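Colleague: One-letter residues, chain by chain:
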Amino acid sequence: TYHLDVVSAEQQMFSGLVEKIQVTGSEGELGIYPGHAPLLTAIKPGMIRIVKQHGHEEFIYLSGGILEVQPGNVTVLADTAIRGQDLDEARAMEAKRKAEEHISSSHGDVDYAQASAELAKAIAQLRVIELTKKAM
Amino acid sequence: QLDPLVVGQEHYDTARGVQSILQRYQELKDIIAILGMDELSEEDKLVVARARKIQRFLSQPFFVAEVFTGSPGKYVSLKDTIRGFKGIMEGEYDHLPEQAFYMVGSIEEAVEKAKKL
Amino acid sequence: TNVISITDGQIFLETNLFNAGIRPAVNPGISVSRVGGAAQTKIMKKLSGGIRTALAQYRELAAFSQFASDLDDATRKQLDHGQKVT
Amino acid sequence: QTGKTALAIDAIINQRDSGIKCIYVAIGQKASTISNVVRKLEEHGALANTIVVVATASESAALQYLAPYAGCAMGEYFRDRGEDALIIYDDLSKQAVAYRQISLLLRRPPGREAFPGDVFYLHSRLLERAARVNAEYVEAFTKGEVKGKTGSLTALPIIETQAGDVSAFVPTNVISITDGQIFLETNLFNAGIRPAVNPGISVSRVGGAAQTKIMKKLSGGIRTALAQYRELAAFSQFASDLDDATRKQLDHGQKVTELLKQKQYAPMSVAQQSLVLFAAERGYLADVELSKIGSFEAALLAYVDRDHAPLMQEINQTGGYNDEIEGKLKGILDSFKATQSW
Amino acid sequence: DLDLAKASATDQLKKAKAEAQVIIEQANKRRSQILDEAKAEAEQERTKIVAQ
Amino acid sequence: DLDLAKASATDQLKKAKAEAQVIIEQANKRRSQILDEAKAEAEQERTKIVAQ
Amino acid sequence: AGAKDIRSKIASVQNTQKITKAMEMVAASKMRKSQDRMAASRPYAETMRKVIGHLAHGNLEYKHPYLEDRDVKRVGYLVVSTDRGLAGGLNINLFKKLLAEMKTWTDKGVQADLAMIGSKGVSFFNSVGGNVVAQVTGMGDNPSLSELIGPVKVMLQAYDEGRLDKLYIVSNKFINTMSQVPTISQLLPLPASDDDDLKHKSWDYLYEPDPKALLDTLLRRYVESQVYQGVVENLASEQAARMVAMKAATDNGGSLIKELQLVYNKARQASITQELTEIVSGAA
Ligand SMILES: Nc1ncnc2c1ncn2[C@@H]1O[C@H](COP(=O)(O)OP(=O)(O)OP(=O)(O)O)[C@@H](O)[C@H]1O
Ligand SMILES: [Mg+2]
Numbered sequence: 001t002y003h004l005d006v007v008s009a010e011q012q013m014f015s016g017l018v019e020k021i022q023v024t025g026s027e028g029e030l031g032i033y034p035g036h037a038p039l040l041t042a043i044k045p046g047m048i049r050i051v052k053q054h055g056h057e058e059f060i061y062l063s064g065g066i067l068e069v070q071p072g073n074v075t076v077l078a079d080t081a082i083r084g085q086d087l088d089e090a091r092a093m094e095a096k097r098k099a100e101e102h103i104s105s106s107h108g109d110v111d112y113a114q115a116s117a118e119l120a121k122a123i124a125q126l127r128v129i130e131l132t133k134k135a136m
Numbered sequence: 001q002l003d004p005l006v007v008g009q010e011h012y013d014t015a016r017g018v019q020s021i022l023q024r025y026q027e028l029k030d031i032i033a034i035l036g037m038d039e040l041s042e043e044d045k046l047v048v049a050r051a052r053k054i055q056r057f058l059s060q061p062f063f064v065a066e067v068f069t070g071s072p073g074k075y076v077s078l079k080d081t082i083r084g085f086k087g088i089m090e091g092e093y094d095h096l097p098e099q100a101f102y103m104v105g106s107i108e109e110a111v112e113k114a115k116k117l
Numbered sequence: 001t002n003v004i005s006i007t008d009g010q011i012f013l014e015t016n017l018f019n020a021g022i023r024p025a026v027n028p029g030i031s032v033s034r035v036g037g038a039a040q041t042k043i044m045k046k047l048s049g050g051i052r053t054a055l056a057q058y059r060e061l062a063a064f065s066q067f068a069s070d071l072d073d074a075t076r077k078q079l080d081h082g083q084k085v086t
Numbered sequence: 001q002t003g004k005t006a007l008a009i010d011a012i013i014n015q016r017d018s019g020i021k022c023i024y025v026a027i028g029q030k031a032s033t034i035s036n037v038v039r040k041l042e043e044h045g046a047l048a049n050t051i052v053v054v055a056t057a058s059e060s061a062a063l064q065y066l067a068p069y070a071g072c073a074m075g076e077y078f079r080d081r082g083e084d085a086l087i088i089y090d091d092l093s094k095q096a097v098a099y100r101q102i103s104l105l106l107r108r109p110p111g112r113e114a115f116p117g118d119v120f121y122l123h124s125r126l127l128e129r130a131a132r133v134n135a136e137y138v139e140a141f142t143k144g145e146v147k148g149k150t151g152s153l154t155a156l157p158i159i160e161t162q163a164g165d166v167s168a169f170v171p172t173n174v175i176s177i178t179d180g181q182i183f184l185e186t187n188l189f190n191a192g193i194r195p196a197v198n199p200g201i202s203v204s205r206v207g208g209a210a211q212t213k214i215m216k217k218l219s220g221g222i223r224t225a226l227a228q229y230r231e232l233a234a235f236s237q238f239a240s241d242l243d244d245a246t247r248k249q250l251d252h253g254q255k256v257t258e259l260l261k262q263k264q265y266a267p268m269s270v271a272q273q274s275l276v277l278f279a280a281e282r283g284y285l286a287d288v289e290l291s292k293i294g295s296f297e298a299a300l301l302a303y304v305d306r307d308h309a310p311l312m313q314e315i316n317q318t319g320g321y322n323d324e325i326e327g328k329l330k331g332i333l334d335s336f337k338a339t340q341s342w
Numbered sequence: 001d002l003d004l005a006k007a008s009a010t011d012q013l014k015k016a017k018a019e020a021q022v023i024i025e026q027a028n029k030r031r032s033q034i035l036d037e038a039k040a041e042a043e044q045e046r047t048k049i050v051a052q
Numbered sequence: 001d002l003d004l005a006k007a008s009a010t011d012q013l014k015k016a017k018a019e020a021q022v023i024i025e026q027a028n029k030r031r032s033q034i035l036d037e038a039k040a041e042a043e044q045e046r047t048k049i050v051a052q
Numbered sequence: 001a002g003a004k005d006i007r008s009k010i011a012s013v014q015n016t017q018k019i020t021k022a023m024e025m026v027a028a029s030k031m032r033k034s035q036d037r038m039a040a041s042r043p044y045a046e047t048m049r050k051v052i053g054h055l056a057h058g059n060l061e062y063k064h065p066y067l068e069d070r071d072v073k074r075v076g077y078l079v080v081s082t083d084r085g086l087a088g089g090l091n092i093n094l095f096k097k098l099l100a101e102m103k104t105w106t107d108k109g110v111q112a113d114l115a116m117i118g119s120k121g122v123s124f125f126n127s128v129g130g131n132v133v134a135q136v137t138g139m140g141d142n143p144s145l146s147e148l149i150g151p152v153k154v155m156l157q158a159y160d161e162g163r164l165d166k167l168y169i170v171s172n173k174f175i176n177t178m179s180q181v182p183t184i185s186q187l188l189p190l191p192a193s194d195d196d197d198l199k200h201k202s203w204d205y206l207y208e209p210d211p212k213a214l215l216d217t218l219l220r221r222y223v224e225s226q227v228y229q230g231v232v233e234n235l236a237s238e239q240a241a242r243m244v245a246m247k248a249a250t251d252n253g254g255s256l257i258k259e260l261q262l263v264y265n266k267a268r269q270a271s272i273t274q275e276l277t278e279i280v281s282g283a284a
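Sequence order for the protein chains is A, B, C, D, E, F and G. At position 91 of the first sequence (counting the first as 1) the number is 91 in the working numbering, and the numbers step up by one without a gap. At position 106 of the second sequence (counting the first as 1) the number is 106 in the working numbering, and the numbers step up by one without a gap. At position 22 of the third sequence (counting the first as 1) the number is 22 in the working numbering, and the numbers step up by one without a gap. At position 156 of the fourth sequence (counting the first as 1) the number is 156 in the working numbering, and the numbers step up by one without a gap. At position 9 of the fifth sequence (counting the first as 1) the number is 9 in the working numbering, and the numbers step up by one without a gap. At position 22 of the sixth sequence (counting the first as 1) the number is 22 in the working numbering, and the numbers step up by one without a gap. At position 96 of the seventh sequence (counting the first as 1) the number is 96 in the working numbering, and the numbers step up by one without a gap.
These are calculated hints, taken from the structure and not from any lab test. By construction, the Cβ of each residue, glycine as well, lies at the ideal position given by its N, Cα and C atoms. Possibly wrong hints are sitting among the right ones.
Now the in silico label distances, taken between C-beta atoms and shown as ranges [said to hold, decoys possible]:
1. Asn93/G <-> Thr132/A: 47 to 57 Å
2. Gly331/D <-> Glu98/B: 53 to 63 Å
3. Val50/F <-> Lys45/B: 53 to 63 Å
4. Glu108/B <-> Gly164/D: 37 to 47 Å
Footprint (simulated), chain A over chain C, 3 or more residues, beta carbon under 8 Å [said to hold, decoys possible]:
5. 57 to 64
6. 67 to 77
Straight line, CA to CA, 30 Å or less: simulated DSBU-like cross-link-like pairs of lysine-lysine [said to hold, decoys possible]:
7. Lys261/D <-> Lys86/B
8. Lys292/D <-> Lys29/F
9. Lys292/D <-> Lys17/E
10. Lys17/E <-> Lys330/D
11. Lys18/G <-> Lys98/A
12. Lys261/D <-> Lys18/G
13. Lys29/F <-> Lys29/E
14. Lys337/D <-> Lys6/F
15. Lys14/E <-> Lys6/F
16. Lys96/A <-> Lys4/G
17. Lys29/B <-> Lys18/G
18. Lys29/F <-> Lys14/E
19. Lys266/G <-> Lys4/G
20. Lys337/D <-> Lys6/E
21. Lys15/E <-> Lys6/F
22. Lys52/A <-> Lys50/G
Could you put together the complete structure from these sequences and hints?
Modeller: And the structure:
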């Protein structure tokens, strides 16, 4: 067996002990057994098969990433969303448009909205200073 | 005298439902103010509209207020009042504009104004 | 109390408005005329209702003024319209 | 308008069949309220056991100022004979106004709010007549005709505040006289929580000494659990997506606060209260977390009233509590959950 | 089929209980009807007896 | 294992069939109680009013 | 004054204090959840920087623009800011430090560009007039990398296209639960690894398909994590700063209660005496 990590930029996805794995590297399918020579490659979006020692089989879907294997260790730096020449350029185009305009969105913190409006209304018009004789 | 035993369960439930809808709208008003309306959940975007239509419908033109406004007054029976509010809260009129309820008499005038509007 | 009870309406002049430059410092909403439009030319009666409603919405929103730039744009428009009427 | 008179006359009606005689003094009440009170007292069968003393809103202030003393004398008649009486003064805060009137019309010097100087000594020398008196006193007073009895008179004065400012003058006097207060909160009453008793701010300084054992055992937590539930539910409005541990406290509190509210003229015996509080305290409500919980209470009372009346008799007669009764109540609740519907 | 039997037992229990609830609310309603009839008969009886 | 599955499924279905009958019999019992006490009150309140 | 008018404001300030206490609690919980999410992000950047160091500073050191110090004629910044107020001085200290450094850079006559994460900086720099060229806003408590892809892509394209040089990320470093410091750090050209992979001598990867096109993707993905990491650290710093600020606001409210109650006591004493003196002096 060897140690396998499946790690995204956000959170970890797998950290077990494995006996072999199978992936679709950019240049073709590819099977990693223990002791495999150090290797570096990109992997295409699709499934990957893990077999945990004692032979337990499971399938993890990856949106792509980079597979790097070492003596007795291996890691899959998985992508969190599909990546591509066109998709990333569309996202950059929208990110540019939103800046050439002055269009901005609303954060989803309804709790902060509630508390902020309540505090804005409670603090409003209460003429405390000049009621208490506090100079400051 | 506003309890089920003297006004009947229908009147009591209609009144308590109107008050609950208006209270929920008074709650939602400041989330609307801060985060804009397009952030509300799709059932809250419906509470908003129904409360806004209720808040219009319980205005009314008086016969003696005519000298202030020129429009004629309307007398509304309690049956029509309960029927109108009970209909609005249940979504039977989600297709009418809000201004179809402003300064009208019975709900029939609301539907007829929307048909005219 | 007596004179507010006797008369047909009141014009309330407030010092916090006078100091801020709002002159004449009449405080609307808190100020009432019970003769209303009956004592207006029909053009003024026509045009005054939108001013009343604009200042009423502005008074409702004014609590959020010193938190502006946090607000939505749809209420920002009402808030900066009431300021221009004032 | 928060249910003070309702609570008082329900406390009267509940004495239909105890040894306690009842007295209701109305000070400054409008005649229609007294007509309704008398109709309800005779309808529910409590009139034969109570004296009604009336000084209506339109009667001369002298009659309103001296009414509670007449009622106190009529109840002290029973007190001094080794029996038990309970007297309700309706709006002492109107007796104070009638006394202020009668005092100012006699040119007597005024005090803090124009109430005369001795307005404290107006209520004090009244409420100090509500007492429990020992057997030697009643034996000596009645010249040896009664030996073992101890007499008592219980007073439930009513005070009306303005916007809940407890710290007003007459309210803070009477709070300094009595031995506790049942503070009724208006924003709970309007929210449908009826009776709108406010925990925390309301206390009984005599306390558990006057509580039957089973009730004392079951009720120990409820007051603090409800006050902390109220403060936690005040916090909750600003905190969505909140810890799942407090998520359970904020639900048990919300169920107990939904359980302790009931119809107006429906008094409930110690056994019916006791097994309901047992159901609520020992988690049997934890699966009815949909607030169809009035039907649960009514169905539980009907079920227990059909089958196990021999246990309700024991509870009502003795008020005692035992591990055997604990097991009996576990059995009742288990058999109810498993075999009936709300 | 064992877990399907589990779900069957639970669904059967809840169906029977919701079926009992309609019997009960029915009794409550009948009650509300018959007590109203009794009150109305008593009222008319009073009217005639007092007019006599 | 399947002959355990059949036993368990049949036993639990029998349990649930007993439970449903028990629940609905008690529902009819409650109905009878409600209706008879309503019949009693329909006379208690009438006699009260006609004596009043 | 007026006793009732002052009691109303005492009640208002008590309500304000209660609101601020609830906000302190909410922020103190979100801070823990955010700073754990902060630790969930380390392994990716660490185990990718080791690879980049092997391909870049190891044996057969390859050559890539992002690794070498071409001469600087204009600079670019990625700015992370909060979407919500009440965070204390958090955002303005950072924007002032950025303006100091961005002014030092324009003393030398170089041009500068900005990309904005968060609404507050977007509002600020348009008022100051900064040259914002890309932005993302409305992240809230749920910052995705698949939304940072955009502006980071804009800055990377402007870099390799030859326009920008020496781009930076500015953000708040979360250091202690009551200590957060604004930092400006360099992402590209790649900062210099403290460690040496001379010990990796004894092995080399079987690069499939080929090492240069692979190092390109490795470097692009690496700047992204480090930005994403900057965003998440800034968010935990925001939560901690809001906690501290609402704590201070609750104590300020608690002192205004003392002052207002002293004023109320004086007012009610004066009212009692002014009434009772009128009564007694009126009776001839
Ligand atoms: N437990 C209850 N459930 C439902 N309704 C109630 C309850 N208690 C009181 N009410 C209703 O609330 C109304 C006010 O009750 P009540 O007159 O007892 O309050 P109050 O404080 O004595 O009124 P006030 O003091 O203003 O004369 C009554 O009409 C009564 O019907
Ligand atoms: Mg009353």
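Colleague: If a hint holds in the structure, say so; if it doesn't, say that too.
Modeller: Structure-based check of all given hints:
1. Between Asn93/G and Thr132/A the beta carbon distance is about 31 Å. The supplied range of 47 to 57 Å is therefore violated.
2. Judged by the Cβ atoms, the range 53 to 63 Å given for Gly331/D and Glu98/B holds: they are separated by roughly 59 Å.
3. Checked against the hint of 53 to 63 Å, the C-beta distance between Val50/F and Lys45/B comes to roughly 58 Å, which is consistent with it.
4. Between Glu108/B and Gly164/D the beta carbon distance is about 45 Å. The supplied range of 37 to 47 Å therefore holds.
5. For a cut-off of 8 Å, the count of residues in the stretch 57 to 64 of chain C with a CB near a CB of chain A stands at 3, and the three-residue condition holds.
6. For the stretch 67 to 77 of chain C, the stated coverage by chain A is satisfied: 3 residues place a CB nearer than 8 Å to a CB of that chain, which reaches the threshold of 3.
7. Proximity of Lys261/D to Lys86/B is assessed by CA-CA distance (about 28 Å); at most 30 Å being required, the pair is judged to hold.
8. For a cut-off of 30 Å, the pair hint linking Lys292/D to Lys29/F stands: about 22 Å separates their Cα positions.
9. Of the supplied pair hints, the one linking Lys292/D and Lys17/E holds, its CA atoms being roughly 14 Å apart against a limit of 30 Å.
10. Taken as a hint, the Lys17/E and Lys330/D pair is honoured in the structure, with Cα atoms around 22 Å apart against an allowance of 30 Å.
11. A distance of roughly 39 Å separates the Cα atoms of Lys18/G and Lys98/A; the hinted pair therefore is violated under the 30 Å criterion.
12. About 28 Å separates the Cα atoms of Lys261/D and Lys18/G, which keeps this hinted pair within 30 Å; it holds.
13. Restraint check for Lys29/F and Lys29/E: the C-alpha separation of about 16 Å stays at or below 30 Å, so the hint holds.
14. Proximity of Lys337/D to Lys6/F is assessed by CA-CA distance (about 29 Å); at most 30 Å being required, the pair is judged to hold.
15. Restraint check for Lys14/E and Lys6/F: satisfied, since their Cα atoms lie roughly 23 Å apart, inside the 30 Å limit.
16. About 56 Å separates the Cα atoms of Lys96/A and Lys4/G, which puts this hinted pair outside 30 Å; it is violated.
17. Pair hint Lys29/B plus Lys18/G holds up; C-alpha atoms about 21 Å apart against a cutoff of 30 Å.
18. With a C-alpha separation of about 19 Å, the suggested pairing of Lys29/F with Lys14/E holds against the 30 Å cut-off.
19. Our distance criterion of 30 Å between C-alpha atoms is met by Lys266/G and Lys4/G, whose separation comes to about 12 Å.
20. A threshold of 30 Å between alpha carbons decides the hint, and for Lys337/D with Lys6/E the separation of about 20 Å falls inside it, so the pair holds.
21. A threshold of 30 Å between alpha carbons decides the hint, and for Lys15/E with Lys6/F the separation of about 24 Å falls inside it, so the pair holds.
22. Distance hint between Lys52/A and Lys50/G is fulfilled; the C-alpha atoms sit about 26 Å from each other, no more than 30 Å.
In this structure, the earlier hints numbered 1, 11 and 16 are contradicted, and the remaining ones agree with it.
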